[PDB]
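Presented as structure tokens, the chain that follows is alone, the form deposited without the ligand.
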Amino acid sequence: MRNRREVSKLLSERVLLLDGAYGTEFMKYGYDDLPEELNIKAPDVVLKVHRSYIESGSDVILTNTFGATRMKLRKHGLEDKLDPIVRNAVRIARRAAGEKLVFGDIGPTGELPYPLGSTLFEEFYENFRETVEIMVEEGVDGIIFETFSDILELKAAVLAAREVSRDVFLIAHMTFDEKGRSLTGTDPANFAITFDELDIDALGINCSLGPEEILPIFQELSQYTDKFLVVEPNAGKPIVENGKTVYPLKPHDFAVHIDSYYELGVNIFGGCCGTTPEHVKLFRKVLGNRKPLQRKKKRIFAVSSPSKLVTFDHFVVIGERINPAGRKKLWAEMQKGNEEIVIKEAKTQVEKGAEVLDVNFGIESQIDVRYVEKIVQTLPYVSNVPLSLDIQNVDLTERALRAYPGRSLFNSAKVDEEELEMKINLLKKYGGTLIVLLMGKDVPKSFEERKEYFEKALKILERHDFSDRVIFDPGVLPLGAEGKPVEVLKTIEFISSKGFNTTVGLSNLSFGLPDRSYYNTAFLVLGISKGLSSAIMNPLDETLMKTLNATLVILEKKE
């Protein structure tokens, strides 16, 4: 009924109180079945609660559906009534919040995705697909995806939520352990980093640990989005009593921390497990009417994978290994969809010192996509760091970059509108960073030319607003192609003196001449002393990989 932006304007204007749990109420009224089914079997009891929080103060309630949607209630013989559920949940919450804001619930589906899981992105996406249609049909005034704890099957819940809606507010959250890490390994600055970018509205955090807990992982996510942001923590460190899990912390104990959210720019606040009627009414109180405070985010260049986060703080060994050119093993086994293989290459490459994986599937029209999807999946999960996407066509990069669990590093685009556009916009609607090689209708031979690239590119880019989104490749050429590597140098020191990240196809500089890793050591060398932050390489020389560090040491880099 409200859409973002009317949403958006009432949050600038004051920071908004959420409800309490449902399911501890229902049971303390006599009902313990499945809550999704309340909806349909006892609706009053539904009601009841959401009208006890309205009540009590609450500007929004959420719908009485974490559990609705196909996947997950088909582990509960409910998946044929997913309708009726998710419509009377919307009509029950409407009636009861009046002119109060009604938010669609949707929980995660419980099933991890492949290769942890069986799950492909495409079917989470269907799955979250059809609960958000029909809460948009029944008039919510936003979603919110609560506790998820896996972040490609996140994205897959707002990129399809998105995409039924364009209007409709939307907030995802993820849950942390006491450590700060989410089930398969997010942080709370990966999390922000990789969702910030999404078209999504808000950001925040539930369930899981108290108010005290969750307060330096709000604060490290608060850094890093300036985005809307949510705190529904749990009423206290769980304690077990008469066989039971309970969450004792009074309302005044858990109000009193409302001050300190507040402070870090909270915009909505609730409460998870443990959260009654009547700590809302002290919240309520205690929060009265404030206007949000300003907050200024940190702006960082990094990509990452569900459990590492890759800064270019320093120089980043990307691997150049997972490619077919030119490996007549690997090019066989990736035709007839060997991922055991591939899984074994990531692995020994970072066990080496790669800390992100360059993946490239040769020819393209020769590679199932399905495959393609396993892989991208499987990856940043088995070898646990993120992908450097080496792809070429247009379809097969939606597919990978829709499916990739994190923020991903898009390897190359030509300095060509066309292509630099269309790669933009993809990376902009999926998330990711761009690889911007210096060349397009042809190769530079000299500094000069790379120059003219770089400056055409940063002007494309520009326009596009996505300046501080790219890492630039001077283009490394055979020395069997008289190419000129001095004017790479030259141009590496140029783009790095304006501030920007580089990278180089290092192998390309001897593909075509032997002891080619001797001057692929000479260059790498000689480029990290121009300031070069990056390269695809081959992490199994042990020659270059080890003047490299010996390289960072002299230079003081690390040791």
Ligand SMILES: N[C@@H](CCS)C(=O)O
Second form
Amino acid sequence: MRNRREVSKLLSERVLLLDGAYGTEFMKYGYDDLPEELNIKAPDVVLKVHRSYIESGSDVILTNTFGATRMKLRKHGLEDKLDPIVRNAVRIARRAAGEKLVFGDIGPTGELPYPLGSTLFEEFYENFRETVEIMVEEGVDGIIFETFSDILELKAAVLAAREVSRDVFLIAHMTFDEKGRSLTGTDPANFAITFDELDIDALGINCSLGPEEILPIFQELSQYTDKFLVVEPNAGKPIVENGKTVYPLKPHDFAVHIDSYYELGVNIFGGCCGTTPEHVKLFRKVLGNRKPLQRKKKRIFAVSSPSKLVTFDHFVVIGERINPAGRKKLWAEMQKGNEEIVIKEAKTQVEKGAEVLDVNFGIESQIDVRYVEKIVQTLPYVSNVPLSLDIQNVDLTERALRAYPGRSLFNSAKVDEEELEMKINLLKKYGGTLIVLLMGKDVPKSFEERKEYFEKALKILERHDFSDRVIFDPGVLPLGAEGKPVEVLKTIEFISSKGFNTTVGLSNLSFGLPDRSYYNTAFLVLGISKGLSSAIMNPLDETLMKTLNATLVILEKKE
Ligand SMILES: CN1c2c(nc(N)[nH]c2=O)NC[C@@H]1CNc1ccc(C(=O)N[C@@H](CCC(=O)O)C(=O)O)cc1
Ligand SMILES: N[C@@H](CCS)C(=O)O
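Swap state to the form deposited with the ligand bound from the form deposited without the ligand:
Okay, now the whole complex, with that chain kicking things off.
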């Protein structure tokens, strides 16, 4: 009925009240069946629960479709009822809602992404796409992905939804434990930074914890996004009384927290498991009519994996090793679709100090795109760290960005209008940061020429509103080919002075020469002294890594 611009307008004018729990309510009516089944078996019960919230003052109610996706329904022998379950649910909610908003509610599948589970990004995507299709056809005022525990699964859900409709208001939620971490390790800042740049309309948190515990987690989230915010705490932490589980937080003790969420910029407030019509009735009285607060957001340059957020506020070691060039064993295995060998190189580099891993597949026309898609999804989970996607083919780049679990660093766009625009557009759609290589047709041979490319890059970047998502690579050329490293050091110092992060493919300096390690170490020390913020380098080089540590200690960047 209403599109995202209209819902956004309404939210900009007033904080809305969502509804309470459905799963924890159906039992009080004598129905302990799977919630989604009632949409067909006892639609009357679903209608009653929705009306109890509308009659309690809710401005928005959720469809009874939390577990209504093929992958989840298949687990209860209901996959073939997906269509009626979802169409009925929406209709029932629409009848109860009248003029109020109805959001299509979609929860996770219960299946972990490969390699923890067996599911690839593409299957999650199709799964969510089908449910969203039905909801959009039936006329929802928005889609909310509730209770997500993994960022890759949630990214597939939001991308599938946006692909079905560019006009539906989309809300993404993750649920966090007491330590402020989702199941696969994502903290609130990581969730915010990763998802703030995707085309969603709002971010939020629901379930797992009560209103008191969610407060600092919601605060962290609010500081890193300017999108609309939603929260639905459980009515206190669940405790056992007589074999069963109960949510003990009463209306008043729950309601008293509304003001504190209002202060942190909340736009929609509701409750999850344990919340009843009685809680909602009180929330309505306490919330009243309020205009949401403003906040903007903290700006940070960071990349992520499900469990790690790497901020560029210290020297970042980017492992160069997953790169087949000049590596017989590795290159052979890549063509054979060998995963564990790349996993071994990933883990070893991280053990040695790499905080991000560059990933390159050599002659891409010789590699299975399915293998790329699998490696990109896998390394962040098993190696734990973010990736620098060193990919040339633009179509292959889109595949890798789509399935990347977090916010990646995309390894380079040269300063060429067409290439940059093409890469900037893929990043805008799938999220991520970009390494911009300071060269074009030819390779610059001086500082002045590199500076010209820098300034041209800034022009093109300012034009596509992308100046805050790049790292500059001056372009290190072989010493044994008149690379003139001195001109690169000048360039690093100049870009650093301008406030931008920098990086270099360090080992290039010494290829062709003997004692590579010493030239590499010497250059890195000099570069770091000029402001170099990262480097694609060999973390397995003990001399290089030890001297790097000594360098950082000496310069007061650590001890
Ligand atoms: C040009 N480099 C580069 C980049 N990315 C950016 N942004 N900038 C760059 O300069 N990606 C690729 C490469 C950095 N990675 C690497 C990885 C391995 C070796 C290397 O020395 N490989 C072989 C030796 C090859 C030879 O002898 O010529 C090895 O296994 O030692 C060099 C650079
Ligand atoms: N909207 C769902 C949330 C389950 S975590 C329900 O209320 O059942």
